[PDB]
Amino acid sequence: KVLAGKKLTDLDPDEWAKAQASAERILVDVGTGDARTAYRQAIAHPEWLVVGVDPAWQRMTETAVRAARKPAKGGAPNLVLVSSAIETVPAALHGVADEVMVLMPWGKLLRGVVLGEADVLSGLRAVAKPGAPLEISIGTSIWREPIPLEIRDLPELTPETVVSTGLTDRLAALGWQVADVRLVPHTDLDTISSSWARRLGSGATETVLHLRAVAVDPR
């Protein structure tokens, strides 16, 4: 269920428990893209256990190959890449995260966050410790044509409509107390969507809808 280089393997429960215990912070990145962003977090913060969770595991293989190398050769032993969908988080991920990040989501994860779909929101809450922040970062260019199929029937989510669509209340009901919602124009894309296809420092920016919440009791 975790990537080891180009292959999937069974996560050793003992090693998983020891890694969590040894970490200063456990960060769960839900939706990883090619997981270069998770890798860069892990490299910057060797005391963090950085857990990337994505069902499209083959996309993450380059990151996994790089992370498996010796530290001197760019290895990141504190990066754990998990093959799983968020709506069906396995028990081994329940209540582990000090912080949950949803950066540049696509597909069901994106649609779920925008609509405040219970299975996606509950899955996110399931992996969190009480008090853990949730940070969601959505690039707003997705609402400019061509709009991706997973949101093209939905009106653009803005800070005002996060309230008026009832998303803030759906979040609270499922255990995410919203703290801040804002647009952040000219956000450096490298901070939320690094890729092995794109050189770092390109200067690429985007307006990001940023939501922060805190893990609380549901219902």
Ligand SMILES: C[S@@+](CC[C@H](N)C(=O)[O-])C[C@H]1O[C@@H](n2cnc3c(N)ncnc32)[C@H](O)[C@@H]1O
Given for the second form:
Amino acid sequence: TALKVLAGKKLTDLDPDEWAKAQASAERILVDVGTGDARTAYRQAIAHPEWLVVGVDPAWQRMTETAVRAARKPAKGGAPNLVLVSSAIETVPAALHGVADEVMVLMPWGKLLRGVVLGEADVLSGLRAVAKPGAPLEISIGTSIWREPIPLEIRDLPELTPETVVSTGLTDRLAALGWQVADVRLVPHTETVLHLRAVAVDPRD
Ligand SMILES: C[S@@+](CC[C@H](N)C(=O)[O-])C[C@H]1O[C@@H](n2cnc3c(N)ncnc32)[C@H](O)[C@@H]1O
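Right, the form deposited without the ligand is done, so what does the form solved in complex with the ligand look like?
Whole complex next, starting from this chain.
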């Protein structure tokens, strides 16, 4: 099955051979999950034209402004190495399986945020399914989302700190789904951000 990608304002099917040729031509494939307006993904594409930068978000309309920009000629802000895909991470199409050298989840919200905080299987499986073995997962959550008014998707959950990553069982759920936690830290810029890094391996018990 072909991927559903933005070309400017319209959803299209990506030729499976063009997708394959694009991956092989790249020095690294970065999959940015929940890319939002995709401006961060576009910046990365522009700074590393040797990377294939794949932004994944179900809310595809929000990405269209960046897509229009990425599709212009090179001299006018074009980024042909940026591929934006309409999909939710938990139902990620087969053509995205095993592609990524690096998976980033930067300031998620909604299902993606609750999923990573709880370690929901469907979200963590989807994230794992897009990674090559050995790829890093890099998650950043701003801890100010836990100050009032707290958003609905994490209202009922205690604030995620290095200590609760452990005591809620989140490193164990990660391990059961093929993610080995390599590092967690809180970085004070000034909003404090929680960073979690894991590496794609075989599932454990
Ligand atoms: C504001 S954005 C973050 C933008 C970007 N990551 C950044 O640099 O700040 C949060 C995104 O996570 C996305 N999201 C929520 N649930 C998701 C899911 N299940 N799969 C993929 N993305 C999802 C939302 O649609 C939203 O666009």
